[PDB]
Amino acid sequence: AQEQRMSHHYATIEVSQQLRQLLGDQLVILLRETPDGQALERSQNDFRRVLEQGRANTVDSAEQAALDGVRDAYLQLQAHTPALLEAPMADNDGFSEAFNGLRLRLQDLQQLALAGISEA
Amino acid sequence: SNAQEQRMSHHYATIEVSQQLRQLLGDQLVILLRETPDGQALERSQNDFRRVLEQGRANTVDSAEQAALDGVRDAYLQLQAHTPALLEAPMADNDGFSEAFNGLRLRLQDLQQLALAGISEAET
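Residue numbers (the authors' numbering), protein chains in the order written: chain A, 41 to 160; chain B, 39 to 162.
Among the hints, erroneous ones may be present.
To be verified - Covered by chain B, per the in silico footprint, the following chain A stretches (three or more residues, Cβ under 8 Å):
#1 42 to 55
#2 72 to 81
#3 109 to 115
#4 119 to 133
#5 150 to 159
Rather than coming from a laboratory, the hints here were simulated on the basis of the structure. Each residue gets a CB set at the ideal place from its N, CA and C atoms; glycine is no exception.
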């Protein structure tokens with residue numbers, strides 16, 4: 041029974057990693073000199089998709105409720121996003137690219153450590 | 039046995055370093071997304087990120103994880119090099135996006151901690 045709780049919790053961990061990556065993707069776009077609204081649209085649709093997939097197959101009350109909380113907060117973020125497109129945030133892509141570089145390395149470090157735990 | 043337990047401890051430790059660094063990076067973004075970023079708050083957050091990172095570089099037993107942290111260090115110095123532009127020419131019109139981003143990233147951090155706990159427990 042411990043292993044069955046395990047694979048379920050790992051799926052949830054993967055959902056949370058995908059959502060964090062997608063939020064990161066959106067921030068990278070929004071921080072560019074000239075954000076691409078269609079890229080932003082795709083990334084938002086992707087976030088909602090991963091969240092809904094996750095909500096539909098999580099069979100654990102605490103994690104269902106956490107996902108509901110993520111949805112609630114995400115809808116608010118989405119509502120404030122157009123004001124960032126309408127008026128860009130940077131004079132060049134410097135910060136966006138530096139941010140992207142760092143956050144990818146941090147994501148990779150977490151995944152590397154998670155791996156060390158799995159195969160053990 | 040005992041060995042494996044020590045290894046788990048090591049990996050979970052790196053997970054926590056990475057969680058802390060991600061939270062601290064998020065703190066800096068929350069500040070920079072504000073209409074009037076507080077430079078002093080940002081400096082304190084930068085100092086904390088460096089401290090956590092440097093302790094991690096010194097204390098991380100797994101060789102691959104330690105190497106990864108050098109990569110994080112390199113990328114962080116690049117982020118710092120590009121930070122004054124956003125600090126000194128803030129272009130956000132209000133705090134809406136910043137506050138909403140903070141709310142969301144905290145809920146995501148909560149989701150991840152909850153999932154990790156489930157893995158931790160099922161691993162015993």
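Each hint tested on the structure:
1. 42 to 55: holds (count 10)
2. 72 to 81: Coverage by chain B is violated here, the residue count being 0 at a Cβ distance below 8 Å.
3. 109 to 115: Satisfied; 5 residues make the cut.
4. 119 to 133: holds (count 11)
5. 150 to 159: Since three or more residues must qualify, the claim that chain B covers the segment 150 to 159 of chain A holds, with 6 doing so at under 8 Å.
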